[PDB]
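Asks: Here is what each chain is made of, one letter per residue.
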Amino acid sequence: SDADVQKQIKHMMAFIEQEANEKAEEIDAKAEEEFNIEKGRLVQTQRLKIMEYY
Amino acid sequence: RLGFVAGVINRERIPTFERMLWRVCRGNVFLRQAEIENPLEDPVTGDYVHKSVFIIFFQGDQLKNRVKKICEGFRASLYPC
Amino acid sequence: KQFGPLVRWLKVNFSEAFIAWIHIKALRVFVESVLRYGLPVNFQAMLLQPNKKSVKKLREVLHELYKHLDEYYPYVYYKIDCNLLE
Amino acid sequence: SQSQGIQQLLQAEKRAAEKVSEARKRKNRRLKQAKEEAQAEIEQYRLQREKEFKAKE
Amino acid sequence: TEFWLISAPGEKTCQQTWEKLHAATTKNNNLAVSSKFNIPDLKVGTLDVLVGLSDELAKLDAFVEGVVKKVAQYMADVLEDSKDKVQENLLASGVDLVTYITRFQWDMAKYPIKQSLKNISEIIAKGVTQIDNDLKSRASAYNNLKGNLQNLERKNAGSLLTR
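Top to bottom, those sequences are chains A, B, C, D and E.
As numbered in my numbering, residues 1 to 54 make up the first sequence, in order.
As numbered in my numbering, residues 55 to 135 make up the second sequence, in order.
As numbered in my numbering, residues 136 to 221 make up the third sequence, in order.
As numbered in my numbering, residues 222 to 278 make up the fourth sequence, in order.
As numbered in my numbering, residues 279 to 441 make up the fifth sequence, in order.
The set of hints was computed from the structure by calculation and includes no laboratory data.
A couple of the hints might just be wrong.
To be verified - One side of the interface only, derived from the structure: several residues of chain D facing chain A at Cβ under 8 Å:
1) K240
2) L252
3) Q254
4) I263
For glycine and all other residues, C-beta sits at the position ideal for the given N, C-alpha and C.
Use the sequences and the hints to build the structure in full.
Replies: Structure (structure tokens):
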């Protein structure tokens, strides 16, 4: 049944787009976390290092 | 990640096989079937039978396991590709 | 001293367990609808109380209403049974 | 019929790889920017400790 | 008494399919009392998760059904008298099942719709698991106290030979 095959084709397209959005959203969420983590780690470590010399 | 599997079976099993795929993977499996250009011999009995090829498409190992379980149910011969 | 507290606890537990059971039935409907129809969802969740004299005719009319979408059914189907008290 | 499904499955994995790649490129750029903004604040803290040392001296 | 939950797409909007549905189920004859039902949209994702949920929610359905049926049996086990009133004690949201099924509301405070389908499923399981733990405790108290009072009655029962 070609119309039901075309429904399955349209469904597969809808599934892959949300899977791709979900993976991209997880990578972007991790990017916002790792920005704050790396900024905080670097700034505090170096600030404490120069404060100890001071 | 998207993936697929392929194999062969006696062609008369394909209608029930495809209905079982959508019955287990609730309304969602993409696939194609193709009858072989000649019958092929049974390795045990020597019976020539009109088998058909199939290929089935899915996302991830969870669907892989379902389509595989149905292939095992019909005793379909899966192969890597 | 057990009986009074027990009846009150069992009333709460029955409410919470039955409420939670319908949340599982709603999840079954939701997840199956997404699988049956894909992500651009516009389905309606709907409720029926089948009449015991007409329940078979109801399945036939529901099939006639939904045959073009595809026990088993071409639409999403689930039941709730009130006979929990036996 | 089947030719549309074949092309849709070919494009499906391609579009998925693109969406993941764009997000990974954003992630690498944000991680670099985090180092740069921390370094700008570090230079201000170093400058403050130097000015404070000159005042103590 | 039973109810069915069903779902189907809209032609362009969700209303159109229900307007056809409830008319056919009520106007041809009273085939069923027919209405919309309350289910929210939830944070959907990959097929791998949806297929996992398709079987995990089936195992959970059997579990939560087993819990609610155990509560109903415990109510019959404490109601050694007033047995006919069991239906007036087994209430959901302070009403009989026929009412709460017809008038069901999703609990967005216990089950926040912004959470993943996996998180909501685990929250349900944890909640009914503590109900099952409380049921194990309360049966262990009640059944032993019941058995002890029955043995005290068995010592008191019958003629001068047995009492």
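Asks: Of the hints given before, which are not true for this structure?
Replies: Those not satisfied: there are none.
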